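Quick heads-up: it's one chain on its own, the form deposited in one PDB entry, in structure tokens.
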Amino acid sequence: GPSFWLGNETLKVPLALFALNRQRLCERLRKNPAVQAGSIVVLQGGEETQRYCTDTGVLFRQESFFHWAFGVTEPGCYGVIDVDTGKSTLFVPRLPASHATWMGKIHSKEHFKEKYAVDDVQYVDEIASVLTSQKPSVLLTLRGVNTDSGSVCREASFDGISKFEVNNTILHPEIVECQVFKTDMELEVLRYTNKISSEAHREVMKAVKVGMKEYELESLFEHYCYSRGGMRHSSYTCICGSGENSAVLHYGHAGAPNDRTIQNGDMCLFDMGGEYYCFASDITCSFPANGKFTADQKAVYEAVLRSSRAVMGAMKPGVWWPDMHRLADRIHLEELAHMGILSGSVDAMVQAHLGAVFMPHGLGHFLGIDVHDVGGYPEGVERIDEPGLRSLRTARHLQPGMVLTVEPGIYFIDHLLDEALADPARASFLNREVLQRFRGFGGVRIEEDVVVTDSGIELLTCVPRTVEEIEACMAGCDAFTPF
């Protein structure tokens, strides 16, 4: 069967991947007692956009649910699936003659049928007529709430849809639940995105020099991923935090745009992940700008390495993800006590939520077509109302096929530290004279992507992690030399 491929050494992704997703979705809907025979899933693809009211085109990236089901890269499409038979129909825009001048070849419907291995291809302007002839009982459309953005996913619509019976409640929970469990074909793509992004992280560690701007490494990373990996997009805006900016969790956005000069003595926290054919990677490396950990940097770093490997060591089916978050909290507190930043009973520190002062984010999240993938909080799964834990993007138990990030960190964040020092229940644990030395340290995050297996996990990421590995990598003389 056909494959998506960007040539060179890039991954061939079989279009059978998306056919399998459609089949799995149908199989799940068929078991839902509320789904009527003769139902048809109706999805609307993303459309071309421009910047504001300008005619400056925005590079099109497909909507994630549509991509999961069809793998279609072109804007302006719809796709439907007959639930009972699994038959798929792709609807493509009927393009004007001038498209040939400005945009490229006007491909035939047969070209698209062969390209995407769907059962049928029609034009978008025929969708009402085509669906009518199929005499569906009900159209199943996609509407629901993303539990990370809080946004409502907008359901498909077309001229004439009002003439049909439409249900917009059944589909969203079902397709989300399919996306949560990755197929072997999807795992092959996530192995690849992690391979290329890991290589890119290594090249960045080799390239970093005191005096560079943070964004020079953002640029280098994205250049490696695109030129060598075929990754035209990143999975999220690159986070290239040096010095105190490494305490800012999502540093790098337009308001803080990776524009600091890296200085001797800084820690770097680089959270970057290329995207291939709308599949994510999400990796963070932490390391000294000058290639040599100081004693304080080694201590903080190895604390996070300890929680990282303890969590990965414990992860297996049936483990409750909030228990892993609490395990990381406890290890951080133990290590910060060993360092002298903390004193007293770690049990009591845990009871006072002191861990969240140092790690004010969730331990990790589902990953897939989106970096913060869907399905973390389905109906019946509640958010835990405690510092740190309330930022968890899922409170589920682990099962095979789930893909998770494992991303403990320790940060020295002034407003959180100051709050803790004002609270007698927490201040007694904090040694002010030692902590003072760590003001402006930034932080350390060690982020791996893993897959839950029957007996444990599979690690997808492959970057240097021990202090020795990191220092060796940064001192390496050799491979990637743009102009």
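Residue numbers count along the first chain shown, from 1. Heads up, when I say rigid core I mean the largest set of C-alphas that superpose within 1.5 Å between the two forms. First, how it differs from the form deposited in another entry.
- A 2 Å or larger CA shift between the two forms, after fitting on the rigid core, occurs at just one of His99, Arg191, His397, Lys109, namely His99.
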Contents of the next structure:
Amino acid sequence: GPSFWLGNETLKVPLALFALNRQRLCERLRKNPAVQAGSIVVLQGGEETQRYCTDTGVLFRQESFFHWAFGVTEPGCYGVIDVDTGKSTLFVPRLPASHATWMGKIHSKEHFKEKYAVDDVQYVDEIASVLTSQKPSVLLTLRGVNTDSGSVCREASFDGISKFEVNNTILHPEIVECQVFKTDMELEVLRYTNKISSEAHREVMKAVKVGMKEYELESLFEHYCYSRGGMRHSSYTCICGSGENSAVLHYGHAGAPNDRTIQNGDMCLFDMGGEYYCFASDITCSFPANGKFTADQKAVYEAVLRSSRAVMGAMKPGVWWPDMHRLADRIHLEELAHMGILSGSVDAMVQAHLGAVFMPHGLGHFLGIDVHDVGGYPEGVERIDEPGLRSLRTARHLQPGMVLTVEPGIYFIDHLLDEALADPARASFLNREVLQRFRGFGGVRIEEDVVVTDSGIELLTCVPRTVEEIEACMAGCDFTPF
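If the structure you just shared is the form deposited in one PDB entry, then what does the corresponding form deposited in another entry look like?
This part shows the chain on its own.
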């Protein structure tokens, strides 16, 4: 069948990927006791937008649930699926013929049917008539809460939907649960997004020079990803933190826009991932700006490398993800003590939640069409009310087919360190005479993307990771993964 492709060496993605997702969704719904015969899933695609009240178009990127189900790149569509038969119908906007003045040939319905390999294509304004003719029992629409953003996903609506029976509770948890488990076709795309983004990270490590602005590397990364990878979007705004900015976790946004000059002796923490056909990648490389780790930089870096590799080596089906977070915490504390920053009993440090002072974020998160992918906290899965752990984006147990980031880090964040030093339950573990040397260090994060498999994991990311590999890459060189 047909494939999405941006030519050159970019990945051909079969539209069969999306057909398989529709089939899987129907198979799940058919087993659901709340679902009756004759139901139709109704999804609404994203619409074209402009900046504020201007006529400046914003580049359209499809809504993620719609993309998962249909793979459609055009704005203004709807899509329905007959649950009992699996039959799919795509609804596309009716453009008047005069639009050919500005748009060139206006594609036929048949063009879109062939392009997307759906069973039928209709115009959007006909959706009430078309659904009416099917005499559905119920329309299943999408409404639920994203557990990272807190936002409510808005259900499809069209003129005349009030004439139907509509259910907006059944679908969301079910399509989310399908999305949590990636098909082999989806894994091919995620292998690709990791390949390109890994190459781009290596080009950035080769190119970085003392005296450059952080954004010069943002630009270079995105240029590699688009020109060589066909990745028109990034999966999230690039975080290019140098020096003390490497301790700011979501650095790079409009308020702190990658605008610092990189200085000799700085650490860099570059968290960047290109997006291909609305599939994510999410990779963090940490390295010395000048290509040579100092002793202190090597020690912090290798502490995070140790936790990264320990977690990757322990991950397998049945593992409780919060236990991996606690494992990383224990390793960071052990290694910070081995560096002389901390002293005393590590068991006691853990009891005092000291790990969260140095890693205030979750160990990692589901990844897929969204960088923070859906499904981390389905009904019944609770957030753990402790520092660090409460920021985990899932408390699930691992199962084959899940895609996770593994992103431990250690950071020197002044207000968290000062809180600890003010707290008698924590202050005694800290050695100010050594810690003072790490004030303003920034931080290190080592972030890999992995697939849970029957036997463990599959590592998707392919970047230099040991001190020796990184120094070689920065000197321009050719490295072995976990």
